[PDB]
Amino acid sequence: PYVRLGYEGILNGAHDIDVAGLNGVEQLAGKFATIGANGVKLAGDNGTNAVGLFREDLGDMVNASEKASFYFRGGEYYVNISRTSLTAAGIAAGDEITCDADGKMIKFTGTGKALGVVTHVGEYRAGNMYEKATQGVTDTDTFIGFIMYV
Amino acid sequence: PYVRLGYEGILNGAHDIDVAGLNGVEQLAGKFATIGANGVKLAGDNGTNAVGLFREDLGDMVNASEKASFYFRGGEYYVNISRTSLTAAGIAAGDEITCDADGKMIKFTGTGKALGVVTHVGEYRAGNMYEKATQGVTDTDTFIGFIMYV
Amino acid sequence: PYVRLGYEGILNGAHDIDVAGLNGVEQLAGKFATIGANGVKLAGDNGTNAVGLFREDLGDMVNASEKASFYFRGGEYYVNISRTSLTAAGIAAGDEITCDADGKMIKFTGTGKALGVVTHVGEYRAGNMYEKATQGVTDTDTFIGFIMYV
Amino acid sequence: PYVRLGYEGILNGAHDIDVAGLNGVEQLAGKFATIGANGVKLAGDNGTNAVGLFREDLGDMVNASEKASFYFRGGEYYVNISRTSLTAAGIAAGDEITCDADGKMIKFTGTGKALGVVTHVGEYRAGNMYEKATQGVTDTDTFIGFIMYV
Amino acid sequence: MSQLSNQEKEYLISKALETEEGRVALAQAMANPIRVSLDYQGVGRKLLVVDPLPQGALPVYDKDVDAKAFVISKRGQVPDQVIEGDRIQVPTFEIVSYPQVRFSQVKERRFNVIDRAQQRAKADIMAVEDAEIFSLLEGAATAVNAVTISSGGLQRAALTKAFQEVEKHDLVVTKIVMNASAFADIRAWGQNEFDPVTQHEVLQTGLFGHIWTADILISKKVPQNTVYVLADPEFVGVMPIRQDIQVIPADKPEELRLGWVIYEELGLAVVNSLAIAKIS
Amino acid sequence: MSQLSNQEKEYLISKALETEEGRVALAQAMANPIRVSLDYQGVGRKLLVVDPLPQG
Amino acid sequence: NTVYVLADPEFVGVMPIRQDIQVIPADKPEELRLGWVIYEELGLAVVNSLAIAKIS
Amino acid sequence: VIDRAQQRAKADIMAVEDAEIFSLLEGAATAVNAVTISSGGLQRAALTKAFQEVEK
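Chains as they are written, first to last, in the deposited numbering: chain A, 16 to 165; chain B, 16 to 165; chain C, 16 to 165; chain D, 16 to 165; chain E, 1 to 280; chain F, 1 to 56; chain G, 225 to 280; chain H, 113 to 168.
Next comes chain A alone, as it looks inside the complex:
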């Protein structure tokens, strides 16, 4: 639907908070994560994509990448939530975005189906034997597009 149990009329991201009601840890009503209100840059996208590498703004304020390259820094791999715009079916005017830790649902594109981390070539990927490792909470379902999370 438009709001709850999905989100619709969006081109960056799709359906989320299909558990119904909030459950995120350290969440109030969240705060803008931005790439469709224009982030600071997005890293990768080897085809049509709008999943990149994303970055903390030094707190719980989250946005798309603001730091170059792909090196160690703290934090957990969130389930990615994308709320509907208050425009017709365009992007921007999106709703304060609560970051669920283990909600429903995003696509999976690493090694495993409950595991996957985020990398600088876009999408989610499995790890490297040099840096990082794979362990996420990618959920059910699969769909590779500029629309994604179904």
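I should point out that these hints are in silico values taken from the structure, not numbers from a laboratory.
Hints should not be assumed to be uniformly reliable.
Claimed, not checked - Under the rule of at most 27 angstroms between Cα atoms (straight-line distance), these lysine-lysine pairs were calculated in the BS3-like manner:
no.	chain 1	residue 1	chain 2	residue 2
1	G	278	H	161
2	G	252	E	161
3	A	147	A	128
4	G	278	H	122
5	F	9	D	128
6	H	161	H	122
7	E	9	E	161
8	F	9	D	82
9	F	46	H	122
10	E	122	F	15
11	E	107	E	252
12	E	122	F	46
13	G	278	H	168
14	G	252	D	82
15	A	147	E	63
16	H	122	E	63
Go by the hints and put chains B, C, D, E, F, G and H onto chain A.
Using the frame of chain A, we list chains B, C, D, E, F, G and H on its own:
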């Protein structure tokens, strides 16, 4: 306008269309005449020397024969159907004209009872077929200015 | 149908369609010949010899087999009724022609092995049978005539 | 052909079992779709109806309009049985297309109560008549994916 | 960047032959440096491919006139296209790092070379692609194939098949994997299968060079000569541009580097190119 | 510039004109340039040929 | 030995001809490409020619 | 040019086909040498036959 009723000369004898076609069709194809105003046809196609065969110039639009009149050549068999009596018909009218086709009533000139040709001037007339029109072993009747239904 | 007025290679004398339709005791839906114009006492004598396959073009003209790209002239089981006249002197296929979907005999083999087409000559000369429109029939005739039926 | 009977067709879907031929009689077995004039290029570019009229250029492959756009077809018309629930437009080459002779429902697209043509692209389009022709009496829906009788 | 919030000062290390850094890539899936380039102004390109040819002449005539038919070729249309690749970089990061600026340039050249290569080989004639190679090569011929044949013998054979077309072909264009497995196969009578010698070879079959492209896929060999078979007409030539005034460069201190070209793609070959697939 | 689809009005007509757009020609597939040629006029040629001979 | 064994007499050489002005172009605008030759073949000593048929 | 050569030299003799050369020429057979052997092998074997004629 599209009325069912035959008409593209002087109404007398048969010309009747009540159910369209003798192929099995129900035929309405409208299209423009690319002959503008200036005729005696501005008052409708009637009396002697009028049109009633038309031929597409290899488009989907109509005019009189571009075809040589002393050697036979492959036409496109259209006649212009009734457009209300005593009101413009066929060529010479600068609006959309309704044609039909498929065993329709045609227009003749000259008396001879039967045995008529096509003269590639946009009408059929009295003549001796040997390379020219015939709908059978002989062609249907030829009388001066009247519409005979095939 | 007259068989054995042909010449060496796969060919049959001219076919008059009196069998399975005969115009002179009925009149149907005329349409133009875009082959033929040669022949006396009703042309049609070099429009077709023994009745190929007749296929409607743009508007209402039918014509014989020709082409091998951009709308195959010929094909379907819709055949041109040649009526009773004179054999190889009164073949109708150069005049305005009435067709039906029924008729014998239908010749469809040119000189030498392959499903024939019609050139500028009414008689048949040799195409292909797998790079030319096929109607479900393959010629199994050997050199020197012998009947073909579509 | 030369007829249209609508208002939800003579029967639902892109198949007609109460009709059977109209010009000639049905084709047995289908044929491969190849764009162009049955090139060695099988996908992309222009041609192939996604349930439309077909011509054949080779005697085992079927193809569609390349030459003539906004003017109706020349030679050869072939409806399709099956391929149920495909709206006509785009390309649809590299499929096996099952072909029967005209007398079955196909799929149209364009405006209602207008007469339509064939694009080289593989789509249909429609509008008021200034260069559109052919097809019988208008009865077309504005809703696209309509079951058109040819 | 001199931040410590993610990045370390163990990735920004000074270069001058002391506290040396890597930064090295591997080059595969190429076809462009062999290929010829000429200039041309134009908004589209027209190419011809040969269809199956119906006959209007068949040897069953010696007293029976002609027959209607077409010699057909079909045309494909390619509109002017743009191929380009981008790198978005932090100026501070580039300067501190020292080989990072050099490498970002070479990296953008590698990405432009790949994006060319993908469109040019893949799919059949398209208006959203530079499609050629796949369409132009002729299939695998089964007569060539035999039970218990050599991998090397097949590659020798393939090359003769190409001569029949009347074309230029003077080199073999293989997949990296296929070629290496093909090379490794030694007869049980102890002869190398490519060339019958007991020495190192640089890889030669038919006394012809090997060009290794990784777009060609496994079990595939395609003999051809790039120069005859394709041609790149050029609307505009390569020029690198950098814009820091763009939307994204503004947001935080950054420069955007764009590396581009504008091309059309011409195929001087209607079916000239041939390929065979390995069954060894 | 950029198309988004395989569908084009552009396809129907020439967008560029060159005498080369692709082509083939073969020299070796004909036995007639291989042999020697001379003219003759006449509707036919008359030869006398030898029949079977057992030999010995 | 093709040169001694056979010889090619030419009544007419091969030539293409092109006609835009015949019956079918008149009826509907069409162009015809004409291609023809009139040939004869001479055999100077054809019982030197050997034919073999491949097995494999 | 292919169809003229094809009829005169080879084809078979039918009601629309000729065959001059093929009929006249003398027999020779690879099969005597071996029945089933390589395509290369046939071409090499074939050369020898011509010698016999005094063509060399």
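Hints and how they fare:
With a C-alpha separation of about 14 angstroms, the suggested pairing of residue 278 of chain G with residue 161 of chain H holds against the 27 angstroms cut-off. With a C-alpha separation of about 44 angstroms, the suggested pair residue 252 of chain G and residue 161 of chain E falls outside the 27 angstroms cut-off, and the hint is violated. With a C-alpha separation of about 17 angstroms, the suggested pairing of residue 147 of chain A with residue 128 of chain A holds against the 27 angstroms cut-off. At most 27 angstroms may separate the alpha-carbon atoms for a hinted pair to count; residue 278 of chain G and residue 122 of chain H meet this at roughly 16 angstroms.
Between residue 9 of chain F and residue 128 of chain D the alpha-carbon distance is near 26 angstroms, which keeps this suggested pair within the 27 angstroms criterion. For the hint linking residue 161 of chain H to residue 122 of chain H, the alpha-carbon distance of about 20 angstroms falls within 27 angstroms, and the restraint holds. For the hint pairing residue 9 of chain E with residue 161 of chain E, the CA-to-CA distance comes to about 60 angstroms; that exceeds 27 angstroms, so the pair is violated. Taking the CA atoms of residue 9 of chain F and residue 82 of chain D, the gap is near 12 angstroms; set against the 27 angstroms cutoff, the hint holds.
Note on residue 46 of chain F and residue 122 of chain H: the hinted pairing holds, with a Cα-Cα distance of about 19 angstroms set against a maximum of 27 angstroms. A hinted pair counts as satisfied when its Cα atoms are at most 27 angstroms apart, and residue 122 of chain E with residue 15 of chain F qualifies at roughly 23 angstroms. Distance check on the hinted pair: residue 107 of chain E and residue 252 of chain E sit about 23 angstroms apart at the alpha-carbon level, within 27 angstroms; holds. Straight-line distance between C-alpha atoms of residue 122 of chain E and residue 46 of chain F comes to about 60 angstroms, which puts the hinted pair past the 27 angstroms bound.
This hinted pair checks out: residue 278 of chain G and residue 168 of chain H have alpha carbons roughly 21 angstroms apart, not beyond 27 angstroms. Between residue 252 of chain G and residue 82 of chain D, the direct Cα distance comes to roughly 15 angstroms. Compliance with the 27 angstroms bound is thereby established for this hinted pair. Restraint check for residue 147 of chain A and residue 63 of chain E: not satisfied, since their Cα atoms lie roughly 82 angstroms apart, outside the 27 angstroms limit. In summary, the hint linking residue 122 of chain H to residue 63 of chain E is supported, as the alpha carbons are separated by about 17 angstroms, within the 27 angstroms threshold.
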